[PDB]
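Only one chain comes next, encoded as structure tokens, the form deposited without the ligand.
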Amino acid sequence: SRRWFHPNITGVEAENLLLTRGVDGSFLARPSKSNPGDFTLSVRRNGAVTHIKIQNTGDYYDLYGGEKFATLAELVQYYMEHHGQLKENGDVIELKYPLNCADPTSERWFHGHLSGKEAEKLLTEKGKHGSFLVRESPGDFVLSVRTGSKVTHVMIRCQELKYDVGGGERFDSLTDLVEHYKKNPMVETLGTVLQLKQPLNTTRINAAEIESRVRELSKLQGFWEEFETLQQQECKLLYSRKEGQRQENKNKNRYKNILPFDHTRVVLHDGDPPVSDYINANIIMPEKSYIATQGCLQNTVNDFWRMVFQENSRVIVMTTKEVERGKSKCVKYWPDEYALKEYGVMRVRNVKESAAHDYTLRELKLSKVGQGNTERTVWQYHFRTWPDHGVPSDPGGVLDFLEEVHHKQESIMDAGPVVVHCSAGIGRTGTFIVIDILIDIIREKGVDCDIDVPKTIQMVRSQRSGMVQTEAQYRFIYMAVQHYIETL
């Protein structure tokens, strides 16, 4: 589980939680209050609490004295499985016991302040057999289910810090109660089974009414509460990343612990006749395809081109500068303008470069060496103006770029997936892919369609780890879709 994350606690509350209710090896994670956008990993080690900083400017989670990761669940799973890796002075910190949160705020089914009539309305319009929710009653709670068709309300009593349905077991949290009756459903006298199948959808909005949702999420924030509910669903996305762990593939990853899922990785068949099949790249299939990948390493430039050629990709979206903050984000994998270069068995020519305000377009020609008939044009769209930290203050530039990328891809008959990359290939990459997926819904289906932003992100996140990194990018995605519909 992801119960070790406590969204609404202070460093003091965290210290007292570990020192009174935990042991040596106990830990929890929490958002930082001192600098929002950041996280803190509080660990109990020899009767004392250590608070460790986790940073995310949009590319990955960067734990002080540790490594860079795609999700907090990936970070926690790693350090709990691989010991001696986390260090203070250099003292080996061990994560042994997650100290669980009882706060139901980040749960999909928790609604807090809500009326039984409004809960009945939502379950009537947006609900199906098994749809349920938990809301505040006088210090008590209410479980409202849909069965068909009807709505049943079950009182949840709060007696001396424990929860019950009026008999049987007394739970230490609403989640323990909810989970219990999910596995062991309450049966009504006349045989009705109160099936807790799925939480009620609170995120799907009609495209045309996005402005109303943006306003509502901008009220004390709602964006933060919505994002942290999506974040909580990331414990379901811990798929294997075994291939990316192989000795032979270690130097093929830009970040040691940010790996591609095995079930979606782009497998390379070109094959020089040992382990010629790996690239830190994943296929992104909506519900037009993409490949989400990292910025090239000097040793992966060749694999990059074997992939572009294999997949029949005709468009590349680069969302980083080669160098940001004095650090190399992506090596130059393309030739200089008018030059011709050989990258292993692959040959590329930079025919022409066009510089627009927010980006450069490079017309590339790709072919396999010794076969002239294999030649195809690859359009490289390189976004140059993304801030080193955070998101652009206005989404127009990104929307204009994405519009051009869209129409180029659309004009090319039988073009393979769109290649999208930044540094790690999870934050800016995930942001551009998600904006593009949602704005494609409003392209085909028009302003009258239904859009569900965290449903889309979760779907993309099961395909590559940590796709869309921060709450800032998440807000940017809302702001981008809203600007598209406004200019429609």
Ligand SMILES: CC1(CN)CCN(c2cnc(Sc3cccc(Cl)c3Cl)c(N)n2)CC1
Second form
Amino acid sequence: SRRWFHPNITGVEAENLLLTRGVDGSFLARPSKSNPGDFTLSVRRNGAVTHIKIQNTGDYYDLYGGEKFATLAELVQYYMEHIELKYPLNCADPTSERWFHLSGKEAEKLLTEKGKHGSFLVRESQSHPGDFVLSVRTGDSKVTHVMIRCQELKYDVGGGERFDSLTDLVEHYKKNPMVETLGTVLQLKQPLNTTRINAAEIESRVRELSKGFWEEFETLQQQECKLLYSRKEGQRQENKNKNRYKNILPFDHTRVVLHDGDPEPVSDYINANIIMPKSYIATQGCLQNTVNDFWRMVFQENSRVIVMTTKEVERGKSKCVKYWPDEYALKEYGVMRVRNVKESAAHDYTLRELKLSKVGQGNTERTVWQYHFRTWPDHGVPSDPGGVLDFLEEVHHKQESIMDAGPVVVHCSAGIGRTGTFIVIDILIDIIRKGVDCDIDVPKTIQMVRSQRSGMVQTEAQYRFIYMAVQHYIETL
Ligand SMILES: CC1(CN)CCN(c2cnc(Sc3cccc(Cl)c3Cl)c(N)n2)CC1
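The structure above corresponds to the form deposited without the ligand; please give the structure of the form deposited with the ligand bound next.
Next comes the full complex, and the chain you just saw is listed first.
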């Protein structure tokens, strides 16, 4: 449902809402206004409201007194199946729906300039403030307007059932479409796309979102509820301690499956996923016990470029074990043998030239290049995207320069926040690098990658950093 999230309520607004429209076991989650980036889980117990903080600095949602998760949905899912969270107290604000917005004539052109059969949107009435309008497109070539009146806190389209919110109303006429007198069926097949822009417009769009970014991002967040794909392998007993974060797991359907492993019972698991929009494996920072597994992956998938986006230690916290030999040194990691051939240090990153081979057979050698980005801020995102961009641009040419190279391995700590910011920037400039004659749809791209790994861009700050990055790249054409 994900409608248990309320984008714009204060604490007290939530408390009274739980205590007036809810029962013991009712809960909700809301953006925290004390700390931008944080969120708050609000639950009713014994007729009282306890509030639970959840911090997300860019790596994961850290529920205090609980566990760390990829999305708030997987969080709620996790706790609704094991202070009890029984009944979602659902939100009626539509600000975070894909279809909500806006003048009629302006609505008609967009539907004409960008819509197909079934594209629709809901806007606020201009004739009677308080009422709403549902504008829908039908064709093979017509746009239809359906007024939605607000009466005594309930909404309708002039007859039939009265709804407690537009989302309910809309959801009802998606499954039960209005039929006009001459046969025309007003099918609400897809919300109108207003986020895909031409690459040359990014600068215009970024300026108007800065007076916007919040709304669009959380409108993308609200859609994570569609991405609760199974992650069972990662919960299997033999795999629990192969995860750096027990509750941040790879989708079974996109995980990398290690083959040709030791006869041990389970030898095919690693907290990684293939990311296909050049392809990527998105993974977590190695642990002591999965280093040999990490290199089995690199070998198997023919990866020749690794991109690590964290220090080994950050703020005294460990984030990734040292899985590469010292410069000029040679190490054996299970059946895999790695020599660090040379290291080169730039200001923002280090390149390690690593040769990977399988012990015993000197016909499996391949160079692997590890690009170790070292200047990401301990919290937040870089104030400027130049460093990231030149990094990725270097990374891309290295990858393009090797024949038959496999996925490009990308990893941070939990492998969702930073790792996902990078891959996405990389996909988008991949497009712009086609030139400036191309459309860019950041939300779409983020959602396509979250469908392949949980939580793949973590924060709003990062989300805007992606826009800044693409803008900057376009400026430098
Ligand atoms: C005004 C608005 C209020 N709610 C409504 C429209 N805007 C909007 C719409 N859709 C999404 S999401 C998405 C986008 C493309 C492809 C896919 Cl697949 C997804 Cl899932 C988004 N982030 N913003 C911005 C805010």
